[PDB]
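Heads up, the chain below is alone and in the form solved without the ligand; it's given as structure tokens.
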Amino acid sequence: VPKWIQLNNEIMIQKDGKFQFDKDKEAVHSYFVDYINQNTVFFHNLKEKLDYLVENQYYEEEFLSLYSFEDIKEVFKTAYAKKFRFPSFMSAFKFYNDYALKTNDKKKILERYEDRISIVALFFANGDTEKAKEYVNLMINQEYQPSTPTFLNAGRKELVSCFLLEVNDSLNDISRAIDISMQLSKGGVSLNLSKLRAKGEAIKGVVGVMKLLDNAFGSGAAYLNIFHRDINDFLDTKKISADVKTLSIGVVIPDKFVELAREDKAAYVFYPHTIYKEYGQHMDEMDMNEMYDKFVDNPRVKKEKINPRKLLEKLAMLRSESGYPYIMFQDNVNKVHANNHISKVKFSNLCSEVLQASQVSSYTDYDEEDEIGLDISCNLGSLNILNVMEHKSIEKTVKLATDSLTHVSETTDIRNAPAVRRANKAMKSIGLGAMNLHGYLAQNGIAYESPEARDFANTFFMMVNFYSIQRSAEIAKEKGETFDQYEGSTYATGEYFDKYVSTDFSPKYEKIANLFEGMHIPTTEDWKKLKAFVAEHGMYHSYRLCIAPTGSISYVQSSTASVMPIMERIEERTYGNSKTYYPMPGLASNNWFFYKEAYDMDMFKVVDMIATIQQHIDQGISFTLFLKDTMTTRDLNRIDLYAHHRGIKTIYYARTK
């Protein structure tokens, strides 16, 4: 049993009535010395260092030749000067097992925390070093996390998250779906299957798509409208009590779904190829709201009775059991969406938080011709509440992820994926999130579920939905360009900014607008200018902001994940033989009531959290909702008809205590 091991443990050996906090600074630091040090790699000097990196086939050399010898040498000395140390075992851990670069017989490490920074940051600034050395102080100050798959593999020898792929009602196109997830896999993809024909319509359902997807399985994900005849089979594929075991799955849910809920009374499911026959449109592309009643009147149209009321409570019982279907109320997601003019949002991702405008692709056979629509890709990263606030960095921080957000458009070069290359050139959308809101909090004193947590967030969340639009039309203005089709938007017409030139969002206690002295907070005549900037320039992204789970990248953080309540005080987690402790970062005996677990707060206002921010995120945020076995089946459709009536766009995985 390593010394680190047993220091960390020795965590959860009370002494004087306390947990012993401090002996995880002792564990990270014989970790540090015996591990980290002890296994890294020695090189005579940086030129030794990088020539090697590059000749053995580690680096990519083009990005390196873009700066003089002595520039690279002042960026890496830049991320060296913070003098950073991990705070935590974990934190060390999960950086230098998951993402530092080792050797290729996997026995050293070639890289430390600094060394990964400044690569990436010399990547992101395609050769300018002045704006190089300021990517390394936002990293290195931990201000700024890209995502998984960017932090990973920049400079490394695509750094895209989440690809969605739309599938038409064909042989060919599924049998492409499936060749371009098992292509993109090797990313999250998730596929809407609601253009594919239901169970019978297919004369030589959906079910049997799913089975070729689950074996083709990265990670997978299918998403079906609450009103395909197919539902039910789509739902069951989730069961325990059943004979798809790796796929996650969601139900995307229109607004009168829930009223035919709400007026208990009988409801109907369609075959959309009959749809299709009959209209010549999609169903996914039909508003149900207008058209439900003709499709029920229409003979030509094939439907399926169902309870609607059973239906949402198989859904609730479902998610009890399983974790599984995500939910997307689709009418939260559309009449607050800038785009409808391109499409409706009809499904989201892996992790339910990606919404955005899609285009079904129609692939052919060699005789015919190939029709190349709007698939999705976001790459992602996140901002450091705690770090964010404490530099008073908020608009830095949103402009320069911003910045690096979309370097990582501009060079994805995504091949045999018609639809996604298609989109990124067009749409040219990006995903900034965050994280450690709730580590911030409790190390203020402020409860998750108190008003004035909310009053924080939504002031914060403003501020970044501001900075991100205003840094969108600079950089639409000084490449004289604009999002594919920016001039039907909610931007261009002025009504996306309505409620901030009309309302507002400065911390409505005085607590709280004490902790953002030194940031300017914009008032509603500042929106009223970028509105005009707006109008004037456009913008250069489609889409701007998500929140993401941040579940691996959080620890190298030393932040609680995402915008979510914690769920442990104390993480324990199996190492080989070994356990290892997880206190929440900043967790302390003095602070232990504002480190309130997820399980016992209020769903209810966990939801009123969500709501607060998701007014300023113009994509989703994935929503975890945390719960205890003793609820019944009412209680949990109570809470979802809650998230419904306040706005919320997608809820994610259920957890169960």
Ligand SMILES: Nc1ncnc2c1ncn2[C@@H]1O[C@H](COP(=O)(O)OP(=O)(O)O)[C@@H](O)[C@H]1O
The other form holds:
Number of protein chains: 2
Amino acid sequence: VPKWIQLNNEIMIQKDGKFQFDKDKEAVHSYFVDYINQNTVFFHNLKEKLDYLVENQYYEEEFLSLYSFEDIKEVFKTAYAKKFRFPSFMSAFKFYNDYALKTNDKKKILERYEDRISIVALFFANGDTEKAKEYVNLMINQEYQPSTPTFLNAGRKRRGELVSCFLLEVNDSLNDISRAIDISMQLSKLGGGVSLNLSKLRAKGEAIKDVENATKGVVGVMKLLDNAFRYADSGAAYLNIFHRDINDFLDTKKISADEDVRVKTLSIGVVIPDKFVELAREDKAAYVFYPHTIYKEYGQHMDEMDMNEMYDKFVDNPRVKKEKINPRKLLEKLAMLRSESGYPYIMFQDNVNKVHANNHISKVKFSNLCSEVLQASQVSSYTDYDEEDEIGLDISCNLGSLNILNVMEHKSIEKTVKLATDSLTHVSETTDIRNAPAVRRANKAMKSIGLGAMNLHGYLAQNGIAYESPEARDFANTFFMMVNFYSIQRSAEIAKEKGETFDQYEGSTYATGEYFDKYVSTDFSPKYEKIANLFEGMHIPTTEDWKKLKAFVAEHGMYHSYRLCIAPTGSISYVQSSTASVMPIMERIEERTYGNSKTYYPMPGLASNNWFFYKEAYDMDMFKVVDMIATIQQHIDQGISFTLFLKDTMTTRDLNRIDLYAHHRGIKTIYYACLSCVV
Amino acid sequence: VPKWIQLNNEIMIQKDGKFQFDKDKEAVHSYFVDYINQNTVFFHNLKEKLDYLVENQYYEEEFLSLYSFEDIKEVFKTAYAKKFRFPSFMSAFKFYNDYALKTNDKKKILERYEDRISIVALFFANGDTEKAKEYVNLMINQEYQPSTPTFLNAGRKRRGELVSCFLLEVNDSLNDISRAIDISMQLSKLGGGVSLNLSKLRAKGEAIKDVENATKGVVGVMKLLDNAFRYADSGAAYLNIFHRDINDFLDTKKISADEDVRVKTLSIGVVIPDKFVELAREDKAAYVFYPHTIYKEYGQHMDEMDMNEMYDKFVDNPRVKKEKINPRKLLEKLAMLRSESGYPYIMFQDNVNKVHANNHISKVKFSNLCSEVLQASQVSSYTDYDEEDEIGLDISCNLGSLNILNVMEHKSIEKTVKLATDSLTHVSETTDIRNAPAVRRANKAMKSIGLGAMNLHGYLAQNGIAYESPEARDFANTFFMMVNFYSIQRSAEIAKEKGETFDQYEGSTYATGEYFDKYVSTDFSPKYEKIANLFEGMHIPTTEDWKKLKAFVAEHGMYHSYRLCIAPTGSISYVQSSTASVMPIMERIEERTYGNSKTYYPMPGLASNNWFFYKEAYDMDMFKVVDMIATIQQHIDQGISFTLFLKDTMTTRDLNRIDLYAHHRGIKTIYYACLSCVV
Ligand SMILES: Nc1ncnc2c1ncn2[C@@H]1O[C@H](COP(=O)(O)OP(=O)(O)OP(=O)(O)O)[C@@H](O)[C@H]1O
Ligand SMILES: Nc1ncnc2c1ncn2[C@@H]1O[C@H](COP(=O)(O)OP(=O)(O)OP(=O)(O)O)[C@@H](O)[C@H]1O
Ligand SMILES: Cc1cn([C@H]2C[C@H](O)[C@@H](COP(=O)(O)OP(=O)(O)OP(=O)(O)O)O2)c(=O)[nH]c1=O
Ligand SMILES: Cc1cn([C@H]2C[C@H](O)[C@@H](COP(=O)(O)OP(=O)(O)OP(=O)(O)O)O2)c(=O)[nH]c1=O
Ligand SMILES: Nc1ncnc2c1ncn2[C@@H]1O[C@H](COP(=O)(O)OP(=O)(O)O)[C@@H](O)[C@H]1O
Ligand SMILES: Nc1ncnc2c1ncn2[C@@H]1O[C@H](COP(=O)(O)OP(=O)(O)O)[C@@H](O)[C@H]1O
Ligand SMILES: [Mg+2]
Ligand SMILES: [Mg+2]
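Right, and the form deposited with the ligand bound of this protein, after the form solved without the ligand?
Now the complete complex, all chains and molecules, led by this one.
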């Protein structure tokens, strides 16, 4: 057993009752000197390194050719000037095991952490050598972490797509079903996570032409999709809760499900308008609808109509066919299934669209794997082979997360937010997906990005603030207000600089101005003095600054239809020495076995004198956590991946009381505690 | 229990030891007077009938509008002038239960047998009122029976496609696989039987781009197709025996197969070049090949190269990857699987192409469900969404069968063959399949039809000739030579009349003349005197008549790339009072239960003084049956659906000796004893 693993395990051998937290500094030092340095290829110079990496098909050539090699050396030297040292064993282990470029034979290390960062920065900057330096500092200071698809792939040949998260609409025809199968496979082949909205497909037992009772329904298309994802080397189906197939749709995922209906590689999500929550509260028998009878009567997809306005009219219309269900029992079934599998991802549709800026394009109808992407979409119609198709708007989103601790300590909320936006904008403009025409069309038209945040709990716990406290909410309220301020400002700056807005921007609430109403009348500076001290050195936007930004946007518009969403953070959380996303930590010390050895990872910053503040999520009040997320969500235009942390000693009514409380507080999406759609 | 069922069962109550065969004449009379006539809607006139059937969306309007109603009445009266009476209970039962148009509520009969025939004839004739009369007589005399898809659908609204048999090529890309899934569903939705050639897909464990060992292989695409056919309301996959996946391909159909690999709605067929049969005979270890390594080396699909020429070169080429197998044991496995399921349909590829007329277009590479369609094909390439596709040639075939007994008694071999061709040509020209571009392109370019024959055994047994006798072969030799003569002659007549040939006709052996070599040097008039007497009244083509037809074709060409194939005959065999296809009868008397009653159907014409000639197939020598089929096959340009009739007391070596003997005798396809691809 290696020496770094020896010192690593010595954390768990207590001294004066205290753990040996300092042993992990030795462990990662031993891990480098006695291993990493000896398997890292070292060239006589950097040009020799880059020429080798280019000539051996490791790196791409075009993006490097935009720089004079004297500039590439300055950028690399900027990365190494930091003298970055991983503070823990698992942080360095995860980077070299998951991210560092290895040789084709997987024997030696080609990239140090400074190398991957320099290459990504050279890619983002697109020739601007000083900007490349800015990106290097931003990443080497660990202020910003682009998503794994971007951070891992930028600058490679054989490089996968930098975006790997996609959402698809599916129209109610065999032609469209066939095209969705192929698109799913085309994206999944590229490593993408694909979520499809099935709410427009007619329900089981609806007519085809004049043959009554002919349709397989949603479960039939799920079976085809399940197989498509199996063949092409993870997908999701969403369904509106008022769709007649909702029960059958859910039952495909019961762990006891019969194999005739079983679907094994599809996640599921459920879309819940306010009207359903009211019916459930009142314990009144509800109706679910056969969507094609609604289409034949109203000429519109049920999915494109306002169920809060239309429910009673659908019920009274004799040409609309429906079924009676028990809304409380359906709500209970959603709790049971999430205890089994985490998902169904639950989306409170009216909590999304109440504050949605682009309802003029469409209401938000569904979300992605792990349910943080919330954007408008419009269904295509792929017609017969000899006819032109009608290309709509699907969704793809490009992700990154700033690191709250390092942003606060560097007092760089503005600079990080604006710079990270520039990078996500570059990934959006260099993406051209083939074989997904509505994804490609939407990416150019909508120009949407998704900037998030990680290390919320870690930063709070290291500054003496409990995750569940009202002080924690007071910090989050202010911090994310500021993130949103500078995000909107940078999007308008890019719109002025380029002279473009996203397509149909002038119909958005950004252009008509009501987006800014709460920001010009309400102040979001800290109510607690000790929280205000954390922001010392950074100007906090006032209602007056918001009035001037409102006016600025009104003159120049905005480049991005969407800017912010908070995805989960996977392995990269280790590399960042950061608690995952904005969630509370799960364990104070993680024990995982790797290759016949047990490794220990205490939470980033865990000491004996802050033990109390690293409170484990399962011991927290989920109602207080809901309050925290609802506070962050005020200033995020898309969504927040939100996993409830529950003990098995929870009755099904306790579970639904959380659901109802989350809906009450304005939460957009929720599930219980996705690789392509995480940072 | 009804009276017709009473008299029907009285056949089986013997008199002087003899069955009561005459009781079935009473049964079908009782079946009409006491039931059929009372549930048949009778209008005051025919215009009242047709107007009702048009106005109630039963019939189509366009084809009837091509006639003046005085002419429609003459055509209908021509049908009724025959005073056609069904000679047996089951013949009338099958027509009214399976073919006669009933009301939307399925309560009363709208069509008598004379009505369906008149409508089909009016459809075929396309305005020519005298031709409509010719079609009426041809069908009411039961000289010709168009296939069930055509006979059932012609003249309807809500009418399904008149062709329902299709064959598809699939290219080696994800794009092509996705298009084949959709095409399969588009055709299957229309009621089609779809067979796909999977021999071009790269084998399991081949590279994708530069990722080695990445491919699922043929079984992966079979699983997708299996699901496609399940969703869209029967298909087939063919594979060349030299494909590396052949064993895995076969194992998907073992009745004991694990569900991870199980395929439940796909038939399978295997394509066997001569080189494999030689390797099996010699008991020499054979090789199967990874087709993509062959493609990367030779630039051609293994499926498009001559394995008899290339086998040793493939084996010696170090850049071609292969696997060793046991050819004898593989041949044995094909016998086992056919005992289980009937198929794998076995195709002896060189027995097809040795006598194939259009090798210049392509070799024949695969066949259909029940394996009688044998035509050239060329693979498409469906490229990325933004790029033009390359449309190749798939296959569809339009079927019918003449009734040998009635053709011989009416001495109408010429008139039936030429008239049936005209009808199959009309079905071909009125077919426009959407969403299958290579099927549509091939149908116009190739103009192929498939005329067959039924009632061979019945006709032989009723003229004192045993199915296994050399006299039976002597009759078949002459009869089908004549069918082929007048078929070729009518195809050339249509080519002169229209001034067109099928595309690239001048590369065929019809144009270069070697097709006719055996017909200008060998006489095919009967060797047996009693067989020659059967043809009295009809001129038998001589070598001189063939020389003049050869010259005729050389001047005018031919309209049809393919003309003849002998499909199985399903329920319509009853309606025709005909033994199935050209096969020997299976049972002298069929006992089947329908609705709590047992029905009896003795073979068409079975009497006590011809009992010996209705010898049951399972008591026959399959080697003599192979001889019979090989004799018919000389004069059929496509294939013959050929089911072996075997007792379970057959060793696996006995089974392979039949296979080897069938190959020896030139048989093209074979399996053991399809609805969309039967007449
Ligand atoms: N394999 C490598 N070998 C050498 N330098 C590398 C390598 N990988 C990255 N670098 C980085 O490239 C930069 C320049 O490296 P190089 O050794 O060519 O220059 P130097 O000797 O440090 O400086 P100067 O140009 O003044 O000689 C340094 O920041 C170094 O850390
Ligand atoms: N339901 C039906 N009622 C009447 N005739 C029918 C019907 N179905 C088919 N036919 C056929 O239509 C043809 C003409 O029928 P119709 O009764 O109108 O004429 P008709 O009285 O026999 O002759 P004519 O025109 O000299 O009066 C006949 O051959 C008849 O068998
Ligand atoms: C994408 C994909 C293809 N395949 C199959 C389908 C095809 O038979 C083959 C890949 O064909 P293609 O889709 O044509 O792949 P490619 O063009 O990117 O790469 P290459 O140049 O090597 O053709 O492998 C899989 O087995 N799994 C997959 O996920
Ligand atoms: C063809 C087919 C469709 N479907 C589904 C797919 C679609 O959701 C719907 C049929 O859509 P379509 O493919 O659009 O059918 P259509 O246009 O011929 O008929 P209609 O005018 O009624 O749309 O039913 C099946 O369930 N099984 C099938 O076999
Ligand atoms: N925690 C660490 N993170 C990153 N690199 C490390 C770490 N520990 C050691 N190394 C690498 O090992 C080299 C030798 O280690 P050492 O001599 O202890 O440090 P230094 O270079 O500061 O004197 C360092 O220059 C560095 O490249
Ligand atoms: N075997 C049969 N096939 C067809 N139709 C039949 C048959 N037997 C009876 N029918 C129908 O029943 C009608 C009345 O039968 P019947 O009086 O016995 O015959 P016919 O009309 O020759 O005198 C016939 O006109 C005919 O339409
Ligand atoms: Mg439709
Ligand atoms: Mg390819």
